[PDB]
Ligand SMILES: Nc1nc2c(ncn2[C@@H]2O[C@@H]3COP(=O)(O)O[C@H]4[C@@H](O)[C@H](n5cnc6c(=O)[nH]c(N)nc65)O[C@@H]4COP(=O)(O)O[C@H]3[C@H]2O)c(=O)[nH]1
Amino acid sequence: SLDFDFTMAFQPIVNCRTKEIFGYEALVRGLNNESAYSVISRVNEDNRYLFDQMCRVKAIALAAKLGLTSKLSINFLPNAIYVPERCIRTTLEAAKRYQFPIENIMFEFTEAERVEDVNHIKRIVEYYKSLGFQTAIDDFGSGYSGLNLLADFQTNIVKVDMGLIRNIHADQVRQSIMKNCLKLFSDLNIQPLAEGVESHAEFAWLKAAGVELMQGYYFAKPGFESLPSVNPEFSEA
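Output only this chain's structure, taking the form deposited without the ligand.
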């Protein structure tokens, strides 16, 4: 409760094998403004900390009040430094108030600039794992979110960037990339998640290739302060 305000939207992650919802990603949106960027552009270096925790609190409280019984997935801000061994207390308390299991919370790690050289973000990830949080690398395949990360540590989940997913049913190069990356993920005991799935065509290929977790407009758009139901087109068969 400080400077400016905002809320959350939620977007389903679907298990295409069980046809069940795995969970929802919490996405920042304005009080009525529907743009994530608009809000996050209003935050700066002097207030990144106190904003990051309000995201978590808001997302958890909103999750709980909406009746979320699966996983809650939250983006971890690229401003990766500070001491992890104290900023997590606010998060633990929040989960504890709303009786939301820490093991049902996943943090998504992303990078848009090359900082700290793996070993630091590694320390953040390994820490969260030791408290029982799930962990993910986000946007794998774009930005500084690539193979260098996987090399020194492994998250439970890797979310493959939509750029690698797009039109993959008829893109031989994207098919080879995904086929080999899925082998790599398996060797590393990492679960794949395909994001930005926009069409049945992509879905069916990714499902055949062995991907279970998917996210995207084909399933459901982010719902403002709500948990969207998933497209009956795939849930009926």
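With the form deposited without the ligand already on screen, would you show the form solved in complex with the ligand?
The next block holds one chain only.
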């Protein structure tokens, strides 16, 4: 209730090997399903802290109410807070109140539109890992979310940007990028997740290339205040 209100949509992440849902990404929405950008547009510098806290409690509260028993992935605001130990208490308290294990919460980090801070994000990531949270680098291969992040700290998961996934079955350059990045992730013991999968052709190439966790319209669109079920076409095909 920081001048405005909002809620969450949820989008499944699928394990294409086991054909089970690994979890859901929480995606901020307006009360009448207005887009995430229109909500985040209302966030200013005096909002960052309070807005980020509301996102986590809303996602946890909604996911618990909806009966989510797999992972809950929450986007971490790009700049926002410096100190990592203080006001995470409200996240820990919410997780306790809704009986949602910390180990089932993943935070997605996409650096910023800022310079070579990186040591800023690193200590946040390593502190969250120390409490039991899962961590992901988001939008890998776009913007400031790249190899510079990976060089200084490693998350549990790397979500590869949809720009690199698009039409990968037909794009030899994207094929070479992904094959070498998958070997990199394997060397670093990082689990890849392909984001923005829109067609069976992308899915099949990515699955053959070794990706298991995937997300995208091909599986299910984000669901307003709900947990969407997943497309049956991928599990048989």
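Positions refer to the first chain, counted from 1. Only residues modelled in both forms are compared. What we label the rigid core is the largest C-alpha set whose atoms superpose within 1.5 Å from one form to the other.
Superposed on the rigid core, the two forms differ between these two forms by 2 Å or more at the C-alpha of one listed residue only; from 151, 81, 131, 92 that residue is 81. In this overlay on the rigid core, residue 162 has a C-alpha that sits less than 2 Å away from its partner position between these two forms.
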